[PDB]
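A.B. asks: So the chains spell out like this:
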Amino acid sequence: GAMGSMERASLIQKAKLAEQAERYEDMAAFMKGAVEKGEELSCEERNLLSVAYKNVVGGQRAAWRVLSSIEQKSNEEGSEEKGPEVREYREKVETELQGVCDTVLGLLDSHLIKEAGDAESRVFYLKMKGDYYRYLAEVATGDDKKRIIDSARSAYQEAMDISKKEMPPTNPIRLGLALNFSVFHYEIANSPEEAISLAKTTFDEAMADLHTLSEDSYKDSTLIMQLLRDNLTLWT
Amino acid sequence: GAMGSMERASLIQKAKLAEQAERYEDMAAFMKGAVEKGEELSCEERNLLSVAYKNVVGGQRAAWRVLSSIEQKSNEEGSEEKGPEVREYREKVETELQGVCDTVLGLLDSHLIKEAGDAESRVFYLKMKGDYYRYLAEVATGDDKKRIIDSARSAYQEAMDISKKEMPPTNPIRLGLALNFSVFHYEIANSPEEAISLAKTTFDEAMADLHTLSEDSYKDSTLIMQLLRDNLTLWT
Amino acid sequence: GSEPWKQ
Amino acid sequence: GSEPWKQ
Ligand SMILES: [Ca+2]
Ligand SMILES: [Ca+2]
Ligand SMILES: [Ca+2]
Ligand SMILES: [Ca+2]
Ligand SMILES: [Cl-]
Ligand SMILES: [Cl-]
Ligand SMILES: [Mg+2]
Ligand SMILES: [Mg+2]
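Going down the list, the sequences are from chains A, B, C and D.
Just so you know, we're using this note's numbering here: the first sequence kicks off at 1 and counts up by one.
Just so you know, we're using this note's numbering here: the second sequence kicks off at 1001 and counts up by one.
Just so you know, we're using this note's numbering here: the third sequence kicks off at 2001 and counts up by one.
Just so you know, we're using this note's numbering here: the fourth sequence kicks off at 3001 and counts up by one.
Do not rely on the hints blindly, as some may be mistaken.
List time: in silico PhoX-like cross-link candidates among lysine-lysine, alpha-carbon distance up to 20 Å [said to hold, decoys possible]:
1. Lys-1016(B) - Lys-1037(B)
2. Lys-1164(B) - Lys-1200(B)
3. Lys-82(A) - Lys-1145(B)
4. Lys-200(A) - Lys-164(A)
5. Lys-1016(B) - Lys-16(A)
6. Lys-92(A) - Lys-1219(B)
7. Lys-37(A) - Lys-16(A)
8. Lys-1114(B) - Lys-1037(B)
9. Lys-2006(C) - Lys-146(A)
10. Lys-92(A) - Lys-82(A)
11. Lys-73(A) - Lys-92(A)
12. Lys-1092(B) - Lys-1145(B)
13. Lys-1092(B) - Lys-1082(B)
14. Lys-1073(B) - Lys-1092(B)
15. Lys-92(A) - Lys-2006(C)
16. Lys-92(A) - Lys-37(A)
17. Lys-1073(B) - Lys-16(A)
18. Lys-16(A) - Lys-1037(B)
19. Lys-1016(B) - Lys-3006(D)
20. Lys-114(A) - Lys-37(A)
21. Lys-1219(B) - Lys-3006(D)
22. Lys-73(A) - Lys-1016(B)
The set of hints was computed from the structure by calculation and includes no laboratory data.
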């Protein structure tokens, strides 16, 4: 690995610089190098790993959606034939997106999840696993689509089960997990009622627990609660 | 070259898709492949080449400025020593930026400029040469800094000489050239008075020629004139 | 619509 | 401050 010669602490430091410079591909490469040192990640380090890959794959997803739409229009009734180029380039971006998702899933499987014993780390990594399988599901069209969807669902479900036992309903990781699982239900699993019920219930149980929080924790939790509410407003 | 097997027209088509998807590195690679087919570029194709590389290098410049500033602060009086990592990462981004500039300059030298005979193409490419040497000058600190600055100045000057003979004062290429050469004077050559005089005069000569233009050309020219005015307001 | 990419 | 990157 091209980061094998760099100190773990230097990789972390450079990931933070890359974030400041909005160099998310560099940031992801630095954090991959840090993971591959083999030590567990602290809370801050888990969040740097996630920021980096969410931004990389997020940009790929946006590009893929632009291209897939152009491709869809090209296949409408009165559309002039323009050759293979739109499909080819959509496939290029798709393959690059799948490759990044596979890279993240590979770090989780070797060996982040198996060493994660505390609820905060284990839920975080299972949520990551659900998210990157969800991104694979967004572009899947073949014979493994069902298995990709079930891999996302299974990861999210295991994370939900742990989070409900071990975290308060206002914990930001738990809230973000519920938010993303609700998006999975709505956008991937063709289950809008499940998405709505999960969001509603998550929001209401968090509301009832806000009284226990400091001002700073209240701000963190209510920010994610607002996203649940925004989706409920869109979906109902 | 990895684009050697792709049709010229397909590279152009994919560059346009990449632009729509905001995939500027892909766009630049497609346009480099198109240039390397060896045919001259049309006006539209020259502009695609420029969009692609301006966005790639522009992002590198923004990142470099973030990092260079952090590095400058680290060298202030009360600053704690943090090791070589900020310099290393700034140098990494710098080297990547220089590499892209060298790539563009290489396309211009082999063989875009030598085949460009019409004023619109020749001025366009000489302006490009000035711009990418200007970007090299922004990061230069060593024994060739003076030669890099003079290479930028010389390219801009040759473009100016042709543009003044062969184009009207409202031509958008001529206006953008004068704008960028004025920025060169102000930011690179330590010549703010020259920058101000060039901008002022360019603006006034364009104003006097607007009466000759159609509505659409008037919109194109006045957009760039406003940028000259914005700089004059900042500089005076 | 999904979790913020940064805390 | 410099030319727009796109026409
Ligand atoms: Ca990046
Ligand atoms: Ca452990
Ligand atoms: Ca890009
Ligand atoms: Ca020619
Ligand atoms: Cl392609
Ligand atoms: Cl580095
Ligand atoms: Mg607990
Ligand atoms: Mg003429």
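A.B. asks: Enumerate the violated hints, using their earlier numbering and listing them in ascending order.
C.D. replies: 3, 5, 6, 9, 15, 16, 18
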